[PDB]
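Next up: a single chain in structure tokens, the form deposited without the partner chain.
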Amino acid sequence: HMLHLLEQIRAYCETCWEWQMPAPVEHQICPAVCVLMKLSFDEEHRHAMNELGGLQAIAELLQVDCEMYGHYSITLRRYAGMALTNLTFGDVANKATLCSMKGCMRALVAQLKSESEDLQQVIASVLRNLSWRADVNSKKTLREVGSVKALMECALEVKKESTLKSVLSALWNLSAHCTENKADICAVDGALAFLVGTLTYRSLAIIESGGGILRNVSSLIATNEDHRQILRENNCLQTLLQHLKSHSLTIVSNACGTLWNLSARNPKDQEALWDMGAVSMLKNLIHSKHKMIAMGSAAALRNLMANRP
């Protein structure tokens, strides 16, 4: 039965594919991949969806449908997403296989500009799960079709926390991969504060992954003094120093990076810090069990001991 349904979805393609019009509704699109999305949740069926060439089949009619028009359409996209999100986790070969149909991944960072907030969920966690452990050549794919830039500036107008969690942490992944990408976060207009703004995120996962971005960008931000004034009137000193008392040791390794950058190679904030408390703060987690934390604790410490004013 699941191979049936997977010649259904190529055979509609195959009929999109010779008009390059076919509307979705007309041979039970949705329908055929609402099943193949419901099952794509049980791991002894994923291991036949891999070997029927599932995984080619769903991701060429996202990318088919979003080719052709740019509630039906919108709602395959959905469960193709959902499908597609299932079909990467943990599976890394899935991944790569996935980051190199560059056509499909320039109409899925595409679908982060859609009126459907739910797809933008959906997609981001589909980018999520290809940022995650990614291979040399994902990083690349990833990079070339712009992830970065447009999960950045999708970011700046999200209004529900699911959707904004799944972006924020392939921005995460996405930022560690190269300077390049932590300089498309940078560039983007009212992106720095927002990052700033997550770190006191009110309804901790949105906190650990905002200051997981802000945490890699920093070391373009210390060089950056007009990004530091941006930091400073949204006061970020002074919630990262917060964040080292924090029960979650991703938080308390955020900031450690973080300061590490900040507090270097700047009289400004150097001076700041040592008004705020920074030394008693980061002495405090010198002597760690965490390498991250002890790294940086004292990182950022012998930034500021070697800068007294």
Contents of the next structure:
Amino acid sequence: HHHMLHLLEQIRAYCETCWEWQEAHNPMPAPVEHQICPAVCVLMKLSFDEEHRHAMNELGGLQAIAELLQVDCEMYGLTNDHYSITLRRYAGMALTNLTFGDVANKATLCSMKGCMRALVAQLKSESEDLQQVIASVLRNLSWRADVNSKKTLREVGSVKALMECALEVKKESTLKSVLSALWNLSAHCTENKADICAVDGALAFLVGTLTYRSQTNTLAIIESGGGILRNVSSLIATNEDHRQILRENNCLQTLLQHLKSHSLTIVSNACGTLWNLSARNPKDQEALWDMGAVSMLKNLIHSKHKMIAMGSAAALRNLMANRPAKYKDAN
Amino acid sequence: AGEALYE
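Structure of the form deposited with the partner chain bound, please, following the form deposited without the partner chain?
Next comes the full complex, and the chain you just saw is listed first.
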């Protein structure tokens, strides 16, 4: 922990020098000249171990690493070299580890507005790996966020930023971290739901995540995508254009198939989504009747899982109360 | 989604 103490001192000294240069507005500090990259690299590596994290937190390590990330982004923006990219990656990983399950760390980082804007800005980085790193931070920050944190996460545009990011990512690891953060953020409030739905191509994209073929034998993408979809389905139900996007990307059939998943998360997400979409739309009700939704949902009403039991029963009630004309023996 | 250490 003498070592950790020395690394954090180097970082704080460098930041002070940066803040001094900013306040003057004596050449512009460059991270390479103070060997910042090895310093953060080492702290990042230590941060995977829980006992080292506790040592790091005694030294205000989260605050110092965040301050470094912020001042580099401010100084060099996204018109920056690989040393700076590397630095932000290793810083971001440390912040991910340090915010995991830590009430105080999450609240501190979300109160750092400048640092928050800087994180969001990195979702446009040329390093897609850096994007994944930032989305991992935002994922943790958005889990069990207090009132002030939720407000800041919204006000710095994290949701639109993450949704836009998702549309351009080429790699599954990036998509996983980006969707996981969106899933958490989509639960915070109604404006977040609206902002997700307002991004052009987002609904079609989320529908596509419902049948993602993970080459790592995992359900993470389908879970987070279906989770986002379930959280925004309340608003989608009010908008006929948005319902139509879902229809023409085969959302309804896929959701029925989700009802049979071994993942309770997938079944719960599907029940929640079907609950909302089965409300007040004759044509979606009719489509769901035609695909045998009624018996499918009836099979879940006695679930142990409270959201599957209430969602399945609510969707079933919407269908049972609106038996289509053609079903009435006929006519 | 929950939260996680960096992966």
